[PDB]
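Trainee: Please model the entire structure based on the sequences and the hints provided.
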Amino acid sequence: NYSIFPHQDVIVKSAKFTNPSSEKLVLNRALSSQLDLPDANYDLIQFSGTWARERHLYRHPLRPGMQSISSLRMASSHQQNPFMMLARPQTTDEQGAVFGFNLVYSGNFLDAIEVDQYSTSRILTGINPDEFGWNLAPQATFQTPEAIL
Amino acid sequence: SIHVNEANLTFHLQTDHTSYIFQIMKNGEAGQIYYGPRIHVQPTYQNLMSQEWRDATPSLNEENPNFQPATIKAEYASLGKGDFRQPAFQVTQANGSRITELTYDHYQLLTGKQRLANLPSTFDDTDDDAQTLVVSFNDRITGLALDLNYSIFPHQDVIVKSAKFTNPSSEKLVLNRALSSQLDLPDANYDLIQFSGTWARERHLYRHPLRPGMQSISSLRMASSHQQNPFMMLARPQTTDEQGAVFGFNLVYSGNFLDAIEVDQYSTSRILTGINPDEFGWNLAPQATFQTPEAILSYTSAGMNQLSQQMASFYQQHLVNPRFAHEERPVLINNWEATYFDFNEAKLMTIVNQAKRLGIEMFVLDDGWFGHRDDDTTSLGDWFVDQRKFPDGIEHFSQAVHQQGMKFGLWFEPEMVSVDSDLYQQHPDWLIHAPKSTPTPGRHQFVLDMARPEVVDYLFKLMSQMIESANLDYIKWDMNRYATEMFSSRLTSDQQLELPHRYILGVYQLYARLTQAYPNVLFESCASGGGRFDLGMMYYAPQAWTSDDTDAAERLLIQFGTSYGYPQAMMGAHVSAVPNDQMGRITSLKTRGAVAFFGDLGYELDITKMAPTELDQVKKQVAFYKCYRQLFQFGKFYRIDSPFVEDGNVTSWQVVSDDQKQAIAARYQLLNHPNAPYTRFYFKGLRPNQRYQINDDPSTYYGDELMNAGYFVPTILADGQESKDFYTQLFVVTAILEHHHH
Amino acid sequence: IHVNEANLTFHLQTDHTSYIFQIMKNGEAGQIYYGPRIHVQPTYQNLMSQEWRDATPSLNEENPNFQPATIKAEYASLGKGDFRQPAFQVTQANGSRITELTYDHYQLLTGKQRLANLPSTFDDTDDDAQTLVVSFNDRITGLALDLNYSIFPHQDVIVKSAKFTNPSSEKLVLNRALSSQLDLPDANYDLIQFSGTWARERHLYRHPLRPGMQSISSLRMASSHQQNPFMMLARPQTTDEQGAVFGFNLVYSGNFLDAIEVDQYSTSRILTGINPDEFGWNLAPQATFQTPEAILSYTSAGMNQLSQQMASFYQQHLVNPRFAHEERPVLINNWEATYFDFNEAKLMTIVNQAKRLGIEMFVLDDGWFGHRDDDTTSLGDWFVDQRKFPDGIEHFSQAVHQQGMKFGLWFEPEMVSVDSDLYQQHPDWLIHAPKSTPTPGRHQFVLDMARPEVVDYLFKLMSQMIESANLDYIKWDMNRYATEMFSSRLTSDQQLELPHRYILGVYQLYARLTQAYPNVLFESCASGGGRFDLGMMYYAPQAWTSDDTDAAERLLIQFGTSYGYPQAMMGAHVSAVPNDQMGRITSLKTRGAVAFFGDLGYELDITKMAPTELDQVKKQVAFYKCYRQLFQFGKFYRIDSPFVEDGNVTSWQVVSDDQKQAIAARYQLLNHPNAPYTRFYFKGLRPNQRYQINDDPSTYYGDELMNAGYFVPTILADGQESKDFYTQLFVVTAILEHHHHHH
Amino acid sequence: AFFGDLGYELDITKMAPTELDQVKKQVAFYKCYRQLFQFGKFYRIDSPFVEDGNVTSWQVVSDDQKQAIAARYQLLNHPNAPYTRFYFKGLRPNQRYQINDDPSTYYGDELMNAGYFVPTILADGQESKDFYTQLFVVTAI
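Read top to bottom, the protein sequences are chains L, D, W and X.
In this text, residue positions in the first sequence follow the authors' numbering: the first is 150, and each later residue adds one.
In this text, residue positions in the second sequence follow the authors' numbering: the first is 2, and each later residue adds one.
In this text, residue positions in the third sequence follow the authors' numbering: the first is 3, and each later residue adds one.
In this text, residue positions in the fourth sequence follow the authors' numbering: the first is 597, and each later residue adds one.
No wet-lab data here; the hints were simulated from the structure.
Each hint should be verified, as a subset may be incorrect.
[As the list claims (entries may be wrong)] Residues of chain L placed beyond 10 Å of chain D at every Cβ, according to the derived structure: (1) 159; (2) 168; (3) 178; (4) 185; (5) 198; (6) 211; (7) 212; (8) 215; (9) 232; (10) 257; (11) 267; (12) 271; (13) 279; (14) 280; (15) 289.
[Unchecked claim] Computed list of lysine to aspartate or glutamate pairs in EDC-like fashion (alpha-carbon distance at most 16 Å, straight line): (16) 173/W / 495/D; (17) 637/X / 242/L; (18) 637/X / 203/L; (19) 173/D / 495/W; (20) 685/X / 243/L.
[As the list claims (entries may be wrong)] Pair ranges (Cβ atoms, derived): (21) 680/W / 638/X: 49 to 55 Å; (22) 51/W / 726/D: 27 to 33 Å; (23) 722/X / 648/D: 56 to 62 Å; (24) 153/L / 646/W: 44 to 50 Å; (25) 619/X / 393/W: 54 to 60 Å; (26) 597/X / 376/W: 43 to 49 Å; (27) 627/W / 208/D: 37 to 43 Å.
We put the beta carbon where it would ideally sit given N, CA and C, even for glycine.
Mentor: Okay, structure coming up:
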């Protein structure tokens, strides 16, 4: 699913799984949004902390392999918030290219940016794959929470 | 335009996009208010001129404790009245004292901008809405008179600054220091961006945050360095070629300079540029005056490309010799790296006849044609034919070329004198030399005393005679060493510190008088390849031999660095022999050429020695260059991928025509790597809503496609034949003009 | 020091470093190497290799490859093919500025003697020092130059200077006379400087070198508040714990230059000495000129090590020996307590309370002379003000002394107010440029110290006061910067000699006062730390570090000062709150705890304090006294730096000689909730020695405390006080008893 | 707390009359501008996450840009300080504004490009000068 809200430059994404078949299927992982990008010259900006010190801003250049924030506490945590940004190195509050990403969801989440062998980026947001598995019986459906891009 | 508020003595210069604002204050001196993006004219700026008490620093007086020069942004400060920052000037009296108390007297607002009388300088010949503000002062102590000149060039966002000192008093005054411009800024969050290097590796880009105290670049070499160029920038930390606030500063002068930046106790910046205060002293007699070179200032919010481009336009209309500033430059051939000293009119006509066949348009006869010069060791100053290699003198050779359809130019090194030459037997007193000192050679030669008018006259005669004798179309004017043990016997003992500057003035006299007399001869300035690549020269000679380094990969860094302060129209660039004579690199003829297109193309190798296939490639290169010459030489220049940022393995820039309907981009890669990421090239400078075609690719692209999403470029693959290193990808972009329902 | 006379290779060896240079083909001295110690060798043909580079002059035609632009020099001039900045320059009668030094002879002495008229370094402690004097002559003017180099092997210090001699018959002018030049082979260093201003001196700044000039300087006839003469060149990864670093300081107190130039070939010239700007010295025939001394030093063991050795060097070979090692008294000063609003009776209440607290010395500050009821009058009238002292000062000190206490008072000698008896007696004594409008500084002007009549008048006035009032101590302040510089005592040509002469004058005064009354402790001052330099420590073993006496601000100021100066040199007073300079409020515990790491003093109206507050102070004083030797002279380690990271935590440590006692301190500026666990890492202890910390009953091996750390209790809210600006103190005691160890 | 949803969480019965009065005016000030505080377009300016983070600043602006409020916060006061210059965002360049009780009127572009000079934070011997707030109410003429 792709919902365009032209006047705010927002795109909303989700996935929906239907099992028209007759055999039992299990979803081990069901993310709301994957974004693949031509390069990796971006900073991941994130919001981390804990109780009484939530959502301080951290800003780190992407590097090959995995960088992610996530919760396993059945709540989007105090520790890591679902909203994240990929910004160009020279981007500021006042100027420059940048992407925002959020989750309309309040449980276990995952924000993940993977830089692969060719220096491209994959951005994954949605329900945390760890501690998750939906039993999708014949004719059943699974709707993922919406991702705000 | 320039707005004055007489009631308040507020001076506000507005370019199309910037404001430079200064005010006369209770103590009579000028005080900098603001310089940045344009703001509304006001009668006065009280809030910005707010003063607060600060401890442990001197005050004006007891009625004004809070008036403290240490915390007041100045426009042209002295040292000794409470400010301990670096001064813009300094004057010594007869009694030893160095105190000056400038006080405002009157101003003057003139339309346009006239040349200075004896210095290269800026002008408004083109109804471009320039104005000049002259603001005068008198010293309460010495009677000294000072004019500060600010000229607004509104359409290129450029301000030009200089000082003229006048002595209407009856007592001798010594100018210990006379800078061209001072800017005081309220903060110090900038990077200093400079252009440093040396011979064969000039003007590499260096970028550094400001720190408390002094950070300067300068020259003592009696010339603007190979080591340090006068052009500099203050960029905000996040500013790039594509976006952001940045100040640019330059200096129309070719002698000793200072670009200095002091960050003081209050994290404020002072930017001073002008003649280097070191090895400088000027005796200002009664009724005497002294004019400083012009500093060039500019600001933009729109990034460093924007900065370069408006200063480039400014130089093109307001500084560079008008006779050539917009005239296509010829594709020359040179015999320097081709043969060096080993030649004569015989082997030199073989290269001339071959030149014509390739489409080349001018032959330059380089070093070796005079006196008995077969070594780099003899004959400098003997500017007449070497009859060993030119039996019938030069008139003959220059004619053989004129008839093959080609312009002819030749080489001179006027300021120099070789010990083994006719000049040193006739005028040994014309060598620059300290009395009991042991002379120090540089390239086995010494330098003429250019402060001597007679020497300038002797040189104007030799070159006049020679330009008429041979019908010269061009002159390469070199300068191959740095003066040593400076002393002139013509000057008083009190006048010795006047030498470096009087010397440069003498250089200017010569250039001035030659260009006056032969307005049609094209000059190329040279100093071992641009150890004098500066605006001072560009006034007279509209191009310079960028660098003696002719290697394609090294030229990438030099041309890329130089483009910050100077348009490609100003950089000579030659395709040369491989492996490179200076450091030994092997490049493809395709690359060496592609790098030279973004300048004033020319060739500097033995073309007689080429196989028929190579010969034909040159021929195609020259035609292609000619086809697109208006765009290579004068096109709006854009830097893209920088060699000075990250691995610096990829370099890319682009040129775009006035209407933006045509462009040529080039991407260069030093080292080729295996299993490579896809290439995506982002074009700059196009029209978003204009469709384009790119080389022989069938598809059409809107400009926002090419700029935003970029253009996919095929991987560089090994073919077993040649090295994939130092590799070039050209992109000829052309509008598809057509009605369309977008 | 090892000389190879056959090759004229001079090679200096300290315990761990080697400074090596060589006399060269053209007669000038060529720098070879300065770095960790390397073996003595007759010649270093390898290190001295020369190659042809283009577009730069060569010596002559026989040696194309001898090019001064690519040759590391020891003391270079401009004009001979080198275009870098020169160490010196000389103008002849004819205007020529060319100079051709040519080596003639050398001399090797033992120890090190003071300089005649300048503060300087000495070896009177039989410490294996040596002085090498390398003399040259100019082929052009006949001028002679002595290059001095004293080795101090045990602190890894080499001290440098220059002395110019004119044996010719013609006048010579020195336009530039630096004290030290050092050329290094590369430019991969960070320049570390100490910049600031009044009430915020000497914050640390750390920047990578770049092509061109990066310097810091002073044009204010003092090393400034703004820039200190001490600097470092660190390798990029050097820290306080590990790594290579050079240190440069200067025994001078006037205009200085610290300059580092990276040339076209990425080499570095470090120049240090008198600021070439606003300077020029007329050298008549038979005349001489001595530069102030440059201190040089290197280590591979990091910046703590650099400060520590340099500090051992200063304590043994620079500081006034009368006080170098003597514990400094706990004092109280009435400045921030009363300001000008006081009289004898009011001050007696202070002196009396001060005593019951255990304080050891009272210091009467500004206001006792002439009619000082303001800061705009009587500056110059160094005699008793009878409105506030009816029976002269002699009485008030008699009282102080009968109390078993010491007495000190405040002068500002170099200064003159227009409303003053002095001005009406010698107006011509004000530094003033003939036609100019006099520019006030804190409503005062400066005396021409360049005149020997002035020094005599001041010496007489001050000694009369030391004898009359039996002074134990003098605070010698200096509260504005000179302006419109001129001396009628000097000719037109000598005007560029005022700044240095004025400084020599100050030394003259300190020199005569300290020789005639050597039991007087001089605390140097300049609106706080506006002259905080080696030049003054020679005479005055301690300086008033900053007028800023806020706890939080001092952390920064002291941390930075310690890179260049040991705590023995830093006065520090516990002041009142909310701080008068900038308004911060701080616990009395913290103000106390930042001030222990220096020379503790009190600058508050203790007559206006509650009983519990008084008791707190009494205990700070007993505590400080108990550990005074440790606090003032113990080896100093910086740990956590307010100049690294977010700067929220500053910590340091002083350690005894035998490493059996230590006091550490951690200060946090801002408290944060739900915090990480604190681990403090002690430095400077003996690995296998067992220690105890405060009242914690456990015993720890040095290596536990240094490698694993010490867990420290989180700072918690208690509903009673702010937990900002918090201090944790750690008293470390060695357990001494027989023990069967398992190491 | 103004830059959000204002609320109180303390024993207001333990305060004194003048503190009580301060909260009274705090609340009236907030309601007067609640529409702009809660829903104005929000701009971050000086970030505590960049460099020393000693200074924090932000601003809310109305839809028509004729009205706005800014706040600059300073954790620790420092002596002998550089002059302060505050740069406003999001105003209209050619529109004239007033600021708090300043009598002058400034064009949008002065306030955004040149900045607005803010007086030093001075010690007064009465209160700490740490955690200091400078509030600018910005109104079109």
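Trainee: So, for every hint listed, does it hold in this structure?
Mentor: Evaluated hints:
no.: 1; hint: 159; in the structure: holds (19 Å)
no.: 2; hint: 168; in the structure: holds (37 Å)
no.: 3; hint: 178; in the structure: holds (27 Å)
no.: 4; hint: 185; in the structure: holds (12 Å)
no.: 5; hint: 198; in the structure: holds (26 Å)
no.: 6; hint: 211; in the structure: holds (13 Å)
no.: 7; hint: 212; in the structure: holds (14 Å)
no.: 8; hint: 215; in the structure: holds (19 Å)
no.: 9; hint: 232; in the structure: holds (22 Å)
no.: 10; hint: 257; in the structure: holds (34 Å)
no.: 11; hint: 267; in the structure: violated (4 Å)
no.: 12; hint: 271; in the structure: holds (14 Å)
no.: 13; hint: 279; in the structure: holds (31 Å)
no.: 14; hint: 280; in the structure: holds (35 Å)
no.: 15; hint: 289; in the structure: holds (40 Å)
no.: 16; hint: 173/W / 495/D; in the structure: holds (15 Å)
no.: 17; hint: 637/X / 242/L; in the structure: holds (14 Å)
no.: 18; hint: 637/X / 203/L; in the structure: violated (23 Å)
no.: 19; hint: 173/D / 495/W; in the structure: holds (15 Å)
no.: 20; hint: 685/X / 243/L; in the structure: holds (9 Å)
no.: 21; hint: 680/W / 638/X: 49 to 55 Å; in the structure: violated (36 Å)
no.: 22; hint: 51/W / 726/D: 27 to 33 Å; in the structure: holds (31 Å)
no.: 23; hint: 722/X / 648/D: 56 to 62 Å; in the structure: holds (58 Å)
no.: 24; hint: 153/L / 646/W: 44 to 50 Å; in the structure: holds (48 Å)
no.: 25; hint: 619/X / 393/W: 54 to 60 Å; in the structure: holds (58 Å)
no.: 26; hint: 597/X / 376/W: 43 to 49 Å; in the structure: holds (46 Å)
no.: 27; hint: 627/W / 208/D: 37 to 43 Å; in the structure: violated (54 Å)
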